[PDB]
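Use these hints to put chains B and C with the ligands onto chain A, whose structure you have.
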Amino acid sequence: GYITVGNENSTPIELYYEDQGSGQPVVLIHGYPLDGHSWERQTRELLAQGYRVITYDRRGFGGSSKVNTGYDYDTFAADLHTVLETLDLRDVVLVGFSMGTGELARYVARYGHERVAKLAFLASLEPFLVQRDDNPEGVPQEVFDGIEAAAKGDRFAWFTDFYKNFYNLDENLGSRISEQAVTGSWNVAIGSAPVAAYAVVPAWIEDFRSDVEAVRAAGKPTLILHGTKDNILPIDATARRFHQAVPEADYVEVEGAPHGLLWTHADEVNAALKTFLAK
Amino acid sequence: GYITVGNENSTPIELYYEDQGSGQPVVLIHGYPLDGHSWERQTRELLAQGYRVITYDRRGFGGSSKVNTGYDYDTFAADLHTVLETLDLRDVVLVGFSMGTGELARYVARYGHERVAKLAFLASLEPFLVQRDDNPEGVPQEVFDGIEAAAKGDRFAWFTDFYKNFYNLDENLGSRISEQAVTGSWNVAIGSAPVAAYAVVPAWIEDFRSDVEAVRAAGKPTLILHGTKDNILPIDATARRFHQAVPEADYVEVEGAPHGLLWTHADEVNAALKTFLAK
Amino acid sequence: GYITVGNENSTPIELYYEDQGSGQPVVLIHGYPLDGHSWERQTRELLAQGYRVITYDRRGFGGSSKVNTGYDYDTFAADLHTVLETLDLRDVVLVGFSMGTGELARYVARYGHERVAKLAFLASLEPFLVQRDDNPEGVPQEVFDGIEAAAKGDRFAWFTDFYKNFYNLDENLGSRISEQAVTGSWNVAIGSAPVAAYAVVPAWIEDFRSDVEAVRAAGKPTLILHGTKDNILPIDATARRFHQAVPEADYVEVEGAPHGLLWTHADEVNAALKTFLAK
Ligand SMILES: *[C@@]1(O)O[C@H]2CC=CC[C@H]2O1
Ligand SMILES: *[C@@]1(O)O[C@H]2CC=CC[C@H]2O1
Ligand SMILES: *[C@@]1(O)O[C@H]2CC=CC[C@H]2O1
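Residue numbers (the UniProt record's numbering), protein chains in the order written: chain A, 2 to 280; chain B, 2 to 280; chain C, 2 to 280.
Excised from the complex, chain A in its bound form:
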């Protein structure tokens, strides 16, 4: 399916989406540089549990418009807003992974939570990833400069390097992810808009601390889950701070898990989601 969310010059900006099952709506928002199918190990369990599972592809990724403009969380949240309004979804469970955790917080901040039943943040960006004078716990900017340069330099070679650290392949290749599944991740990645390989990096490092305040103040059931061997979003720079800021949220650390834990630790992610959604 497609939902129109804007225009880029003479072209409509259309987001690809899937809408499956019956029951309470659950919207799953994927990470860079994948698409909605990256949720497949979660999707099939949620459908079996009697939820209506919707995924969509972020602008620039998967089946969505390969735009040059709007790679920022205000726009990403406006896109999500249009998806929810177009489908008139109510009592929705929003679940974000990696980039998708930014949509969740920015959406609540900008649009409120009238449509939202629950929030689940998996392998989160929050609260503010890049080190600044007022954000000493962040990661130094030079890391992101280097990522931007590599992704712009040759996105094809860059995605290979990214997935090594995404999945901790030195540890997990052949035990928790096959070579073929890694290849599938890379084939999806190179289908993204060339500019999206690097244009999203400034978005990853936006300050979400005010959005975290909105999330906490919404008082909706919230889950925060992260792997302890995450080499993309270090757990001390993200989830542990997020947990401190939103102490009311359910909090899960998946021992030994990398950033790409929807696949490598699907069982643990699924168990956490099942418990959380049942509440």
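Please keep in mind that the hints were generated in silico from the structure rather than gathered at the bench. Misleading hints may appear alongside valid ones.
Where chains are identical, the list cannot tell them apart; a pair therefore holds if satisfied intra-copy or between any two copies.
Below, computed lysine to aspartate or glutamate pairings styled on EDC-like, alpha-carbon distance capped at 20 Å [as the list claims (entries may be wrong)]:
| id | residue 1 | residue 2 |
| --- | --- | --- |
| 1 | 165 | 155 |
| 2 | 165 | 180 |
| 3 | 275 | 92 |
| 4 | 119 | 46 |
| 5 | 119 | 143 |
| 6 | 230 | 214 |
| 7 | 280 | 138 |
| 8 | 230 | 138 |
Chains B and C with the ligands only, in chain A's frame:
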């Protein structure tokens, strides 16, 4: 092109199709987990012979909607019915390969044969693939349980294993199919809906024996063709039984050919189709 | 985005396109067997320079309709005409690479140059690639017969062989193009219509000498640029003749560059385009 065949929640179910050439219509219905382009070695010959060649992608595959629902032959036949009615095709030659042989028989059974000139069944599922008390010639259920588990377990690795047996790669890699062509088969396969990797397996093992009765009773020119080294659909469990049940059909055994014989034995398939269509 | 340019039987022929930025329009027309994203190293620089950059995918390639008909430059030029008219583009800079250089010349010949500000021909086909009695400087027909046979014989294996010569991989793999970028070129190539792998070859060898007359007589700023180690379109059979025929055009030979120089020699291509567009 796209033809709408139904809806999945808020999304239309659209089948991708191509419609080429001029002359009597010939509709080619591909096998799992490929798409309409898998017919390319046949398509170009049929076009050269002065047929109008139409292919479409089965729901869940190729360019068609990546649905969760309807992976059964009643639905697959209803999809084909809508394609034929939408295009108002008459005097059509229907040609199925592997999964596509199920559409042909179920379509005739459910909708009759007013639009159909001829039927060609290549590497067929018929008459009833899984062993049961009333179907002693079938293959034991545990085979299909294992396939379902592998395809659900990691579809990316599974498609590699499937294509080894599909093409008999130990024998044919480098002689009747290149490494690059195998890679092309795998790239198409992983584009299918994640759930479709395993959801189609129960469909493969539906009982087609009543549909075979409808096909035989239609009295239209029919061709049944199969490879003698088919390690996906064993010739004794399928084509030889189909031939016994429909003795009036033209019958071709391609000596030494695997399941993936549209590619590996394109010349033999093309020669059979040319003779059959000329009748 | 899509622009409808015709019909193939029951299906509209739709060209995929992107329309980005603001400023004077620049339309980039890709080479075989790639798509509009193959321009990414040029696109991002032109956008940064304040141009509106439009790319589209030629029929049969990338995201455009996978047709069987119309693989000839009269049709390719008519497609471009429809793109320019549909978008009502004026003062356009047309830039062609490899196959795309044919659209530029045939378009001016068939439709004139009222909408055109400038023409840039990169790695050009012109003036007439195949040797004939009246074209002694061309390449012998047997070369193209062999290419057609290989591309029809197994397009998957053929694209591997093509890209070796396209990029001069013996020299450039690991220094000016990564293995991963080559893989990205091959993944895009195999998505093209099967018939397009070979149907375009007769188009490449059309006589463009009359079109070159139209281009020269238009008196618009023109650039001709070619690599000196082009092993697809030999520089003496193409660019040097084109330069002799249109002596008024700016002329650039990129020392040591292969056919695939948008990637391998992006800096040199970009510098030439920047200078040319600034005029
Ligand atoms: C996920 O999948 O999306 C982005 C944002 C967070 C870390 C980098 C990348 O991984
Ligand atoms: C073909 O291509 O489609 C299915 C059905 C028959 C055997 C398994 C698979 O192969
Ligand atoms: C480019 O990319 O397109 C065609 C036409 C010219 C030479 C062969 C091929 O390369």
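Consistency of the hints with the structure:
1. 165 to 155: Intra 16 Å, inter 19 Å, cutoff 20 Å: intra and inter.
2. 165 to 180: Both: 11 Å inside a copy, 16 Å across copies.
3. 275 to 92: Close inside one copy (17 Å), not across copies (53 Å); limit 20 Å.
4. 119 to 46: within (18 Å within a copy, 43 Å between copies)
5. 119 to 143: Neither: 35 Å inside a copy, 41 Å across copies.
6. 230 to 214: This pair counts as neither: shortest intra-copy Cα distance 27 Å, inter-copy 60 Å.
7. 280 to 138: Cα proximity of residue 280 and residue 138: none, with 33 Å in one copy and 50 Å across.
8. 230 to 138: Classified as within: same-chain Cα gap 18 Å, cross-chain 52 Å, threshold 20 Å.
Checked against the numbered hints given earlier, the structure breaks hints 5, 6 and 7 and satisfies all the rest.
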